[PDB]
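Can you make the complete structure from the sequences, with help from the hints?
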Amino acid sequence: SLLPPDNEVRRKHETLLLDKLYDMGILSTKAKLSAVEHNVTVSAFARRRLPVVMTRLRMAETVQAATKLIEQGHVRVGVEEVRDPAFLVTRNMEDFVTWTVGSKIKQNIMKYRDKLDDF
Amino acid sequence: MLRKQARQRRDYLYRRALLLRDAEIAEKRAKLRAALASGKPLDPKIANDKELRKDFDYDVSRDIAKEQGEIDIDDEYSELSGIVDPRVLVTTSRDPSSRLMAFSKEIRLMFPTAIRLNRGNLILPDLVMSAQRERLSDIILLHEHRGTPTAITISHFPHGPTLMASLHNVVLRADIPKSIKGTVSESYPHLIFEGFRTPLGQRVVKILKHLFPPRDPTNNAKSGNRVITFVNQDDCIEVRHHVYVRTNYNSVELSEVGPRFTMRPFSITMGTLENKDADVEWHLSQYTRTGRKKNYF
Amino acid sequence: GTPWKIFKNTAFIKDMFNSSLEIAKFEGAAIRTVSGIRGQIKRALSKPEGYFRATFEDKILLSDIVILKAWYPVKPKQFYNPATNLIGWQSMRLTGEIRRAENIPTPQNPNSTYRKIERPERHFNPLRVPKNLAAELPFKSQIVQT
Amino acid sequence: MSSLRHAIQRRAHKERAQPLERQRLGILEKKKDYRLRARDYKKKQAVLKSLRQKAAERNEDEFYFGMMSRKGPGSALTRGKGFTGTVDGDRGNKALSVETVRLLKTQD
Amino acid sequence: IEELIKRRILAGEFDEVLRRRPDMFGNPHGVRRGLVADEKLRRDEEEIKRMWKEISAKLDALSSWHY
Amino acid sequence: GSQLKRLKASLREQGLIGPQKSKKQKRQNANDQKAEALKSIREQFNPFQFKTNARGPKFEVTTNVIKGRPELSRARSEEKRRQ
RNA sequence: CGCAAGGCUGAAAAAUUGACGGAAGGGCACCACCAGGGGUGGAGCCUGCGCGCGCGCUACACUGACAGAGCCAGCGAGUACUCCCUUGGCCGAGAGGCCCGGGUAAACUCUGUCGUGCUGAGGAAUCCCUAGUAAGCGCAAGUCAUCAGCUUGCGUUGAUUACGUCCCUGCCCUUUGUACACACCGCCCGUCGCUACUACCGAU
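Chains as they are written, first to last, in the entry's author numbering: chain CJ, 62 to 180; chain CK, 1 to 297; chain CI, 922 to 1067; chain UK, 1 to 108; chain CL, 541 to 576, 608 to 638; chain UB, 3 to 34, 43 to 74, 83 to 101.
Since the hints were made in silico from the structure, they are not lab data. Built from N, CA and C at the ideal position, the CB exists for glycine as well. Do not take every clue at face value.
To give a feel for the contact side, a few chain CJ residues facing chain UK, derived at Cβ under 7 Å [claimed, not checked]: (1) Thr90; (2) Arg119; (3) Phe157; (4) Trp160; (5) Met171; (6) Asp175; (7) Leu177.
Below, the structure written as structure tokens:
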């Protein structure tokens, strides 16, 4: 902000900062620097954490149950199992968080949907 | 992959709604910047908003960049505008006729980078699935009445708009003999658009000119020998496809090489071909009182 | 006219015209339902001679009546009696005097005379969710029917 | 205004009925009955469009804890001929132990 | 329509989208990759470049190298 | 061949598009038609003005191919309706 | 309101950067070759386009007819849907309502009975087509444009032959650029323009 408004490096680093924060999912728009004024927030980081983002994705029911499930280790993010309940899930890894391989929670979901393939 | 398409479409719709609210605020912020430079007194409801001034000090620069045109608007085409060659497949309805298949070939040859696909027994969600699975930019569906085509459906992918249009006055390439016609040249075509002035007209201009691969801008004003013309009167966009030689610096000889349409659009939906429940952006309002008087595009 | 087959929008309308020549003259005309549904005459129908296809605004019912409001010109008659009273003159009578003299009743249509309409209260069917959609939608919004 | 109109200005216009040669088809739907029909159809289509959005944007790995105390909608193959997409609910009955049925049958 | 085409071709203005360079942002001059007061404002710009190097390293390391 | 290539070849044959001749070549041309051929070129290379079949005649009889002009016929019919 | 709003007049260039080619070498193409398949074109019906033309539809027999047995789908639910018009009679002062007459598949599999019998699969051309593709089959819908003389979905059964090459027909492009190591190549060719200078020719 304190740079002059027609500055090239100001414009380039505004677009870089907004694109970085929108790719990490903290901001919901990438067209205002007042988003980084009063919308970037430790609560925005803490809701980009893993048990809250799988509460939102409805992998669990509540953030307490989600922290219990990812402490017991049913949740992988991508291809690697995640035991840390503070792993910050970015906007393009929210498409890859899912259950682990031999999960009893996955067997519970398939047994509910009556698609329990035992092979 | 499918979760990524759904997530990116939802993020796009949320960003568009936030842009609506931010435009409602930024119409007020552009009065504060113009009053600061010119010294004309402004409204008290604008000059006495502390949040507006406090955030204006950070958000000057994007308004200046939009005034200079240095940035581009959040759009489904602005992500890959002149970077990727848009690949596009043309398909028929389910059981095509021979003249519909030859017409599908003709409007495949209209685009230099298109491919044609045989429908046969191909369910339409799996058609959309295979398009997103092979990263196609556009699909175009064709519908015939009885050996004569009556509808196009131009759908942009991954989640872009459909333009459904009905065709009239179709004169096929496959009616004239091979002694008079020939193999159409496949060079990157120039495009001209005539008569689009509303923002809806610029919308249909965008979703029609992002079907063609981008022209090399070094010497494009004189090189290239093939032109495609979209000109609308009474919101029925009429399209010709010519090939030309510049027989002098003052004169040019045209030669009609492709099919002639006068397509009329009747539906522009912000959502792909599978979504029948997508939110429409415009539709041809028949059976209203002044829907025949009012001209869009 | 009267609807014959009723699809979602396009309805076939029967007792209005007599031939495809008359329909081809009245092609594109603004047809209307009694209820208020607008529509347009689209195409003459081949196999029953005198029917046509008209695409309406929403779905019309078989009880509905489909009208087309044309404007036919009426020319006045060129009659002129002078009222030469001191000589004598023939006075043309009125329609009531003509009917009472030559004994013909006034034309009265029972379909035209106003009646009281017994409207039952319109109750509609409940929502009928399809099986595949009702099996595909998620757990928080799954339908629970004993 | 309202005082610049006669009683014949105020007089109501009557509604025509269905013709008597066509009264078996039901009532003649006018603007009011058509408005009721259109309201009911737009409401049902709004609910169905929201259900189609919810069935499209469904996480395939979701896990609620009612799934361990409910029977799912299944498929036509797993359920059978008696397959509706509705999750079956409980009528309140329960399998009853032998001592309590001994008590009930002594009473009967 | 034919005369409109001839006018555009002669006084050639075409509405085709043009091929832009994919690195117009970071490399605006388009250099070739082979053989080759105001001091207050320059000091402020270099301070913002230093701050952004530190902050981009922290944000990529906090998103755990998915960026 | 292509329509572009055959258009260029016919205009090179008619001498409308060829290389810039010198004054000596113009002397040879003034030492030693083309509108009548340009009319045929502008009719042949714009084949959509008139309606043609592609197959040709079904049964060949030898005895001594534009079959209709829809644009001119529609304009003529609209003038009749105007009158 | 002021300017615009006064007719040497009477319809049909730029270039030190330009104009057009040729030869060599590449890339691609069911508008190319190669191997096959399928339409249309023969008879009848009809939308449409301008008597003609195709696009669909139907009939044309070994892939047969008759009688049985068994066994398979998917999309589809607006108090909403109905094919006519009539001979009579009922109850109808009259308008009507009644009654009786006249005009969830196809396919497939198995088992038997009879046996080519006006009871004949489309010429020259021309076009299209490479995997759940060609082709057969039915079921459903009728979504503000188009479409009932049909349209669009949806399932079912599911092959032959290419999947190489630029030889033919063409299309695009290199011979300037756009990156640097290894490694390789080694001044493509023609007809004119334009500019600068030099001298020539002959009238004023």
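Now for the hints, and whether the structure bears them out:
1. The restraint placing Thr90 of chain CJ at the interface with chain UK is violated, with a minimum CB-CB distance near 21 Å, outside the 7 Å limit.
2. A distance limit of 7 Å between C-beta atoms decides the matter here; for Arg119 of chain CJ the minimum to chain UK is near 4 Å, and the interface restraint holds.
3. A distance limit of 7 Å between C-beta atoms decides the matter here; for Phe157 of chain CJ the minimum to chain UK is near 11 Å, and the interface restraint is violated.
4. Using the Cβ-Cβ criterion of 7 Å, the hint placing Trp160 of chain CJ at the interface with chain UK is satisfied: the shortest such distance is roughly 6 Å.
5. Interface hint at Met171 of chain CJ: violated, since its Cβ lies 10 Å from the closest Cβ of chain UK, which is beyond the 7 Å cut-off.
6. The interface hint given for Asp175 of chain CJ holds, since its Cβ lies 4 Å from the closest Cβ of chain UK, which is under the 7 Å cut-off.
7. Checking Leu177 of chain CJ against chain UK by beta carbon gives a least distance of about 10 Å; that is not within 7 Å, so the hint is violated.
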